[PDB]
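J.: Each chain is listed here by its residues.
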Amino acid sequence: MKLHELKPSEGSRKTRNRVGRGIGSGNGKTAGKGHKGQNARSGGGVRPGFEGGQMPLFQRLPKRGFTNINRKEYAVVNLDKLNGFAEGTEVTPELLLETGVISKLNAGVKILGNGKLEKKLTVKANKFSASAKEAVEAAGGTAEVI
Amino acid sequence: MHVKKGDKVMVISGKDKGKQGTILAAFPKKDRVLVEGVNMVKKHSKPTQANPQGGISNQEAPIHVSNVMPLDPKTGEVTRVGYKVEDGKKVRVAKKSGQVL
Amino acid sequence: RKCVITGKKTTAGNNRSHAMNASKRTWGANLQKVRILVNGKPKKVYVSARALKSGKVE
Amino acid sequence: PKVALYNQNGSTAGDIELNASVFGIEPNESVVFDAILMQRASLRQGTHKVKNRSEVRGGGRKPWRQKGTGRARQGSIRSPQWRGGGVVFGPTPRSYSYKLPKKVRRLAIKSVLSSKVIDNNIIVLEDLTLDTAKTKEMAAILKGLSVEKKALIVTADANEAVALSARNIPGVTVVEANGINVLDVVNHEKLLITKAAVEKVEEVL
RNA sequence: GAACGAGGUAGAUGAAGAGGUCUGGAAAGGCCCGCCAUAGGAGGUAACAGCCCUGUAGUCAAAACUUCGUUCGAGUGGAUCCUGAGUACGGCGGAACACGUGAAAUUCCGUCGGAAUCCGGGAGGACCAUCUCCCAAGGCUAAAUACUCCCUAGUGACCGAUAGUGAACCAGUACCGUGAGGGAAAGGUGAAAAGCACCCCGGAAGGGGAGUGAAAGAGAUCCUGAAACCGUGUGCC
RNA sequence: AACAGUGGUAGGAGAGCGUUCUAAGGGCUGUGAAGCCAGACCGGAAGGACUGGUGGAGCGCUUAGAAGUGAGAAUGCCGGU
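Protein chains in written order, with the entry's author numbering: chain L, 1 to 146; chain U, 1 to 101; chain W, 3 to 60; chain E, 2 to 206.
No more than 25 Å apart at the CA atoms, straight line, and that leaves these computed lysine-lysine pairs for DSS-like: (1) L:81 x L:110; (2) L:110 x L:72; (3) E:104 x L:2; (4) E:104 x L:7.
Since the hints were derived computationally from the structure, they do not count as laboratory data.
Based on the provided sequences and hints, a complete structural model is requested.
T.: Spelled out as structure tokens, the structure:
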């Protein structure tokens, strides 16, 4: 790439669809916004979810929400990222962070059971699904619960 | 203003080259120097106070300092100007020699 | 000439009634001066009044 | 990469085969486009400003009646149709920079370096040490390298014999290996490295 | 309270070609050559300059006023007392907290029968116990941070006179308004005033010559000078 | 190459023209640029040159980037008539 011959990959640049310069290109007089509407004036108009006076959809539906303080986003492992390791290695939540397995330890590492293993592993973690407890034992690995 | 009134000024360029001479007057606020011979224009004058002959007078016009360089007192050469101190007052020093003035 | 609960005391402002020759005269502490416990700790000094329901009950 | 090497005198010496991880990639010409428009963007301070309809020192009154009279509506003495005028939209103070991801800017440097290996405008010169900072010595080196155009020198750790020199030469600027400028490597179009800076390039990438 | 060091309020020093030629009114331009550089930022000079000039790099400079920075009372008890007095605490007044008084904490800031005080007190979103955290009701407190009227230095994919500060100019003026206030318009001779002596026309104003300047149609709201518009002539109707 | 279609407002979609400024190259200018003034030139279009006359110092192209991005209508502003 010389400075004399700068060019993009075609499709990574695209000129303006600039609005309101002459009727030749289109969008000249009305400037893309039609005839005399409320949706043509200087910013006056509508909220996003508004229906002109009819009861908007977010109210005629009931409130079924309730949020506790004490919730726990458990870390989600599909049990198949342990196949990236070899058998007989250490499985700790401090190890799952820096290996790129879990990007964020949100106070709890639960191990799910989709898929399968073939590797005897020293698995210690906070909580376990029931099929994951047997799948680690199916590979002969230990199933310590932190 | 690196040139003193009454030196041996050489004219660099302008309407007249070649001629050298002496300063008759100076204008350091306007950065212009009046030198004999060069930049002589024929000026009209009305018959008024200070000798009402009128007519077309004859005098020289001032020249900007950048056309003005002094010659060498050692060779007769257009040299640049430096500065030294010789027992007291700062003196002008011509380049390409150990000359003064 | 004060207490510790809302910002209105011996201060400096306005009034224009009649007969019309004028300067400085008073808003004072509106006392009728007896105990409370919103702070039960005594000397029996000044009181003023913006509102007196739900000071306390008893 | 089998790039040749010369001396500080300029005589031909033993070459260096470079590393294909840095100098032997394919030239990714799509990245180099969007590489330079990052660095060109954050050389503009953009401190331009225009007084709007409000910052106009006046305005205010309906300059006459609205009816009874003859003119148009014309409802303040500094509206944008007027001659004194507040510009309608105008330019406002801002930035222009945006930090590209790290995997781009690693690859963006390397494709330029791998290109200049093919373009052969690159010479490694170990131990560029000088007695004085005189650019006359610097000019003698450049004519000894047959460089009559723009050029760039990568020092190891900004040796002041090189650094105080060559700032007076127009086509040659001095920079250290910590400051490998993605514009200037493309800009100066011929390039010089010290041998200590060669591994200093290699130790970071 | 004294001495030193650095900075500021004036400064100084400072490299290398009228290089030869060609056009041009005029070389800094073109051509053919040199040269300096810790200086090829910038301005100025008859036009576009590293080496033409002021100056810039670099290094030094302060009588005096200053500015910043350097140097000349521990432990152990466990009798007693104290540890913040006219306030701290809640459910019905107000206000600030994201919280519109609600389940309403908490902080204070006007107000309705006057708690304790170390075996104590307060808080942990009413409250209750438990549990951990902490002694409120006296005061002081730098840095990081908010900002520009000026100053110093210098930037710009900022403006180039209807733009940019209202104001590039005697501009917050001239004028409008008794009034608070409102608030304009208007930069360019050349490189050098060398700015027109002299002769005619007329009372001039104003020309026509001449002379000045490379250009005088360049000559005084003075570069370029379009269109509206006012024209004078003439080809065809 | 063959076949087919091409009126269009609101309205969507795609290509390009051009001014100001910057960016590397290149060049072109006191042997006369920008502008202005004329024509019978070329490009499908916005358009773009080329001589001639004015003017007396700067400005185009090729590819990029940024936009105060282009007038003929606002009982439009401001001059000139």
